[PDB]
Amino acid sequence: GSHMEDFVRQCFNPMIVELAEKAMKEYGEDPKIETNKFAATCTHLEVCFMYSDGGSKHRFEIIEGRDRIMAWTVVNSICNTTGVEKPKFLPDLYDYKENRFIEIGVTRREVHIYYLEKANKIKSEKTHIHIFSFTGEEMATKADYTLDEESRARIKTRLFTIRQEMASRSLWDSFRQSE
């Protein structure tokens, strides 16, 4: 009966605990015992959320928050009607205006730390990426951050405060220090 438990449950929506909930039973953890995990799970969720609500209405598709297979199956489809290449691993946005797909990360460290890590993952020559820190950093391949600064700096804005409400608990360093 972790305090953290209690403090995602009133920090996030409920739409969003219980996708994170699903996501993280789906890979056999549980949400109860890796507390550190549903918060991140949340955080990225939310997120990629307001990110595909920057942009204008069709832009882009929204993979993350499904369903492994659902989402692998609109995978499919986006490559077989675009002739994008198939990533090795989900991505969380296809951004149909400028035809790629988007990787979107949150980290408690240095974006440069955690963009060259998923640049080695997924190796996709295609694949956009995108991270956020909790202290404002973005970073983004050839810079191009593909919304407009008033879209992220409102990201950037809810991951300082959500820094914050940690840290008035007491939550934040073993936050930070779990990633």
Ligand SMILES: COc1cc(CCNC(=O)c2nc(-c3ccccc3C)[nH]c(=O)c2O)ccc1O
Given for the second form:
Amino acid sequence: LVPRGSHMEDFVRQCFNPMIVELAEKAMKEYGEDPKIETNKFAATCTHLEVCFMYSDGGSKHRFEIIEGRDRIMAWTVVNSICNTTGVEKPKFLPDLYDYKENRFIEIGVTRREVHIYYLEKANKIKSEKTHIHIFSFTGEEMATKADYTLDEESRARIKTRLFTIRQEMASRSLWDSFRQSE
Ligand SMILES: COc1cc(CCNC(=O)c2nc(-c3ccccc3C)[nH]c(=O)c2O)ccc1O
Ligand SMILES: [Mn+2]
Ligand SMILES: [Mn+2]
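The block above covers the form solved without the named molecule; next, return the form deposited with the named molecule bound.
Complete assembly follows, chain above in first position.
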């Protein structure tokens, strides 16, 4: 029932850096998913992963603590350390980053719908008011809590450009339509 490859899989392996592909594979397998069949979720996990890493690449050297990309047990271990060090409330859901400069966790979101729908979706799940939310879209829009976009405009514009490039590469392969209507 598991195939030897699809068009979305070969594109993902060609589109994203190999370390991004390996971490997304480990993330889905940890949660009982196979990138070879769940190929749309495979591309989304890679995209969310690259956005998280470009995000932390913005700002100072020691500004961010990367939560995404670690295994669930170690990600929660770093979260407990951050909460037990700074005093920030432990979030109910595992976030993506921690901002040592702003003293808050960040939940990064990447949507194929309107940024308005996803942000409201993540906000109603986040509860913990302290967790900052920052949503990106494949169209170039972005939403952040309190209109506080954390990073510089150049770092965010770089992320938006990459998202639209991934969109164009998918569409030229006739893979974008099935990718959008699958979120
Ligand atoms: C149960 O689903 C998974 C959960 C994990 C744990 C860590 N991932 C997140 O916490 C996370 N997931 C997503 C996400 C959700 C659905 C489709 C694609 C995406 C990209 N969007 C985020 O913003 C985020 O932070 C790993 C793989 C999964 O398949
Ligand atoms: Mn996450
Ligand atoms: Mn996220």
